[PDB]
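Heads up, the chain below is alone and in the form deposited without this ligand; it's given as structure tokens.
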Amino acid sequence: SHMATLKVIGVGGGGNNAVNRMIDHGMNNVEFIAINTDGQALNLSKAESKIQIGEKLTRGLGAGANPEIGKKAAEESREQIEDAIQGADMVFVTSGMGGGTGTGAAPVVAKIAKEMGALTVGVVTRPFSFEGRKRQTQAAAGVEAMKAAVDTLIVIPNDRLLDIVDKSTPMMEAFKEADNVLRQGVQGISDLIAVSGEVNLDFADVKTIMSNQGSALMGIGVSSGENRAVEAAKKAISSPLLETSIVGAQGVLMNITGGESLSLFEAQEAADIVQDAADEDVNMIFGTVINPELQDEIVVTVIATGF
């Protein structure tokens, strides 16, 4: 019997913000690591494992939008980062691109994780357009470096947050919606790893769908009542915040969880929704979990790659 260790690593300010909010929300059987140049922010981290990088370079401050300093800071702390990762089967690196620490250190952290043997997923943001063209260009270089370092990459352009708020939505509430991409994906994978299914998927199947793939989508949908399977599948692949939509996916892992009422017909319905939206012949890895505690609820988990 295999017991997969999942870790979430926040790098720089936004990444550590996400880690803090995820710890506050409550996650279990996931270990958190906080990496930053910024010593004051690290003192505020709720993560059990904290790594201050680059103290000789920044004297405990952030990198001040210099990504070469973020990169050197991470490289010079490689052994400490290795030691914190060692044992992970899967690592999610989350970071905001555009500054110095995230842009520069997050790709180094991802490279170290993949070298340490972890299946490595990046979930990163691109800056708001109001932050200007130079920030966007610097962020794009970070995204390209992340993509070269990870197994799979999910990019959230922060401009998409402007599509889901009204004029009064608090900034912190918008940021929590972006956090959910990472948090729900980690949770869905954790649940898949842990909970035996009637058509069982496990961590090896996650490795197959994600290893050395590039862009990815991770989504969960929940619905009930009539058309629940179709509605849950549509929610799983809906991507108001994602740079990489479902369109073009050539590989999909889809797990359906439901109660004893889960029908063969509705499972096919859900699978067809996903394949129709991808508009490709999708290589599906299909799973099913019967949770009898569920009554009318259905949960569809999707990981899509092969773009």
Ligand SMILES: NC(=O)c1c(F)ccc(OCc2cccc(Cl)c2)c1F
Contents of the next structure:
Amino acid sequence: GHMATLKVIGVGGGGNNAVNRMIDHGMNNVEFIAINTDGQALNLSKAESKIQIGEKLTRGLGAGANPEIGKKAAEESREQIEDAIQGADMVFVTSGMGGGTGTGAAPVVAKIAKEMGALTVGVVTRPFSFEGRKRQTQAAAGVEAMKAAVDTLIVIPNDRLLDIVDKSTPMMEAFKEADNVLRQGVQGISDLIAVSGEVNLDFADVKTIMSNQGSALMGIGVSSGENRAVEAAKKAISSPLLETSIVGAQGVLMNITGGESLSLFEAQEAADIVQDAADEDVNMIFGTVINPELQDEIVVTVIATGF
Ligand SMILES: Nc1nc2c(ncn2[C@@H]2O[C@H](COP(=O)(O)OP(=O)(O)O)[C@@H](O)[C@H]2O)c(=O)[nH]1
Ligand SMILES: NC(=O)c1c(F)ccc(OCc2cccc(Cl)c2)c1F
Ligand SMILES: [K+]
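Following the display of the form deposited without this ligand, present the structure of the form solved in complex with this ligand.
In what comes next, the whole complex appears, and the chain from above leads the way.
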């Protein structure tokens, strides 16, 4: 009876916004931690655990867009960060790259989590092009530092949100689409840990696919009716919001959930959709859950890594 301990850690403004909106949803058995220099924003966090970093350095303000201040702030507070991560088996570090606190502190937070043996996944945004080339260059250095500090990294270029809005779509509605990348990845692992599958996968399979593996994709597809299996598999690997596509994937963890009508043939169809993109020598871990509460709906979930 192994019950993996998951923690989601927001770092900086954007990261903690995403955590707050996640908490507004129904997320149980995940621990949320909020880390910021900005005391004003931190006080409005909904997370159980709040860590104000760098208070001596910033006097309670943010980092003023200076990543070196974010980095020093996280180092000043290393012990408080260690204490908050204690017990974690898996840590999601979420942050908006390009500012001061996220860019600088998020790699330190991820390094501490990995030092403590936790499976460490980064979920970060790149700035909009309209924020300017300098912010983009600063964010790019953050991404590289995250790569060197995490097991696996998911990068969401904010420019991709401009591909899914019309001219009137509210900004907050667009942000919720980016939030969903994190929410569905965390919820997917939670489901995998809690549910016993007819072909059962568990946290050790997640570790094999995600430990020290670079870029990652975490997707989910839901469909019904004819060709449901193919359509759900296509949805799970085709997010318009990710920087890393599934082409060339060297590891894949894949699960299909459906009712008692789930057929062997459609399991093959869904797996073939994913294989046709991945490397021919991909390490594929395939699972299946039969949820008789379901009727015609089928859910395909995919973790892809190794490029
Ligand atoms: N998608 C999304 N991006 C955000 C959000 N908040 C900030 N960003 C992006 O994150 C970058 C860093 O901003 P922020 O996190 O506030 O800076 P920091 O607190 O100094 O780390 C910005 O340049 C934006 O590109 C948010 O709520 N959603
Ligand atoms: N076969 C299982 O034990 C199982 C289960 F009983 C529930 C969920 C599972 O996978 C969820 C998942 C997979 C890939 C990506 C993501 Cl995000 C989520 C499973 F593999
Ligand atoms: K399971």
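Positions refer to the first chain, counted from 1. Rigid core (definition): largest C-alpha set, two forms, superposition within 1.5 Å.
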In 68, 279, 48, 260, the 2 Å or greater C-alpha shift between these two forms, rigid core superposed, occurs only at 279
